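Heads up: the structure comes next, in structure tokens.
Shown here: the complex without one of its protein chains, the others still in place.
Letters A, B and C mark the chains in the order given here, with residues in each chain numbered from 1 onward.
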Amino acid sequence: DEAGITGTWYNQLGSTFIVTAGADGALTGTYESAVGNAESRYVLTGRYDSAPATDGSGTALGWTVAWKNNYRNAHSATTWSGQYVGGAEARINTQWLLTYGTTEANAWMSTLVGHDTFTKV
Amino acid sequence: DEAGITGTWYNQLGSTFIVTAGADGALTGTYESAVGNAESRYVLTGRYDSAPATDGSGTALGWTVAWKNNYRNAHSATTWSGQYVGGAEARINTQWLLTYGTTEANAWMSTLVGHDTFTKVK
Amino acid sequence: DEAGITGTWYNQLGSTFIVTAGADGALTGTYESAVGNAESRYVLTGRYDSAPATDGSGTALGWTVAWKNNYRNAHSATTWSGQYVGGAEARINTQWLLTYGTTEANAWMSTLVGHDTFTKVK
Partner (left out) sequence: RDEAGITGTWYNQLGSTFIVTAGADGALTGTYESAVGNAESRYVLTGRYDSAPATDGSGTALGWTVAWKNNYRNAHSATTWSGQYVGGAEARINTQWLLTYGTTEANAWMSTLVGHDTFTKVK
């Protein structure tokens, strides 16, 4: 929940996910990608389920980064959808979609799909 | 495209997407799904490219809904990733990922994928 | 069903899907893409549910194309996963994944996602 999700996370690519979870389900923070058309930190915002099920399952969440900041614009956005899994070694397991702006002729090739797993080390 | 994106949108399922695009690149609003384990409106937040290319390319954006509100909690979240296409028939074309909370044994089946197209036509 | 799926199908991009459905679940045929790094016809192979439910549901199916023929090699492959929906205007509704060969450091950007709907027209 709030304290478990709040903090600094790293995925398998070395990217840095700094996030604050609110009591009301909000996610806010910054994202630093180690790959792609990206430099420094980007704003992120998202939502999480603030009252998850009581059977040991994960906590559903998602967030968005638009890849524009003061240093670069990649004309694109990524959303991550996944679940937070608490425990001795907490994890956030996600799938993501990255859309970049295209003409309509090229819309068919506008979206990349992948998967990221975040840990606290 | 603050003026363009801001407003009330409907997808091909009849779901209602009410959104304000702010100066900073923020999207805020509410989502009401016509389908699924959902009732009434849900908070949404997201981001968009506030300085898109002017060469006919769409405007990249995305947003998230956690499916908990005052009526129901479906223990799930959807993110939409897409682009806004201006013109006489403005459109937001998206693909989405819906994840629901699972045990680790069942996490292989935790995520649905699909696509929604939105217009301002009621 | 066999005769339902067998034939020539077109998607919203203008691509041509020529398929034969065998009695025990086989799909074989050729694909011609109207877009991308492709020219002429490519071999496809797939599988479909040869005993679908008779409760109004679609018929699940999928197929793969590797983008190599005698004209060209694009070092990539696409898989389509969807369902055949019968009736007056038959349709095949799919989502697809296109993976191209990358180095391990670039594997994160290796796979595109999209959706194609096939009908008998165009």
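Heads up, the rule we're going with is that a residue touches a chain if its C-beta (ideal position, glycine included) is under 8 Å from a C-beta of that chain, and two chains touch if they have at least 3 such contacts.
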Touch list for the missing chain, restricted to displayed chains, reads A, B, C
Listed residues C:13, C:34 or C:85, member touching the removed chain:
C:85
Contacting the left-out chain in the complete assembly, out of B:23, B:35 or B:88:
B:35
Subunit B residues that touch the omitted chain in the full complex:
13, 35-36, 97, 108-114
Against the chain that's been left off, what residues of subunit A make contact? List them.
95, 113-115
On subunit C, the omitted chain is touched by residues 25-27, 43-53, 56-68, 73, 75-83, 85, 93-104, 107, 110-111
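What we mean here is this: only the chains that are shown with their structure count from here on.
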What is the distance, in whole Å, between the centres of subunit A and subunit C, each centre taken as the mean of its C-alpha atoms?
31
Can you pull out the residues of subunit A that are in contact with at least two other chains?
97, 111, 113
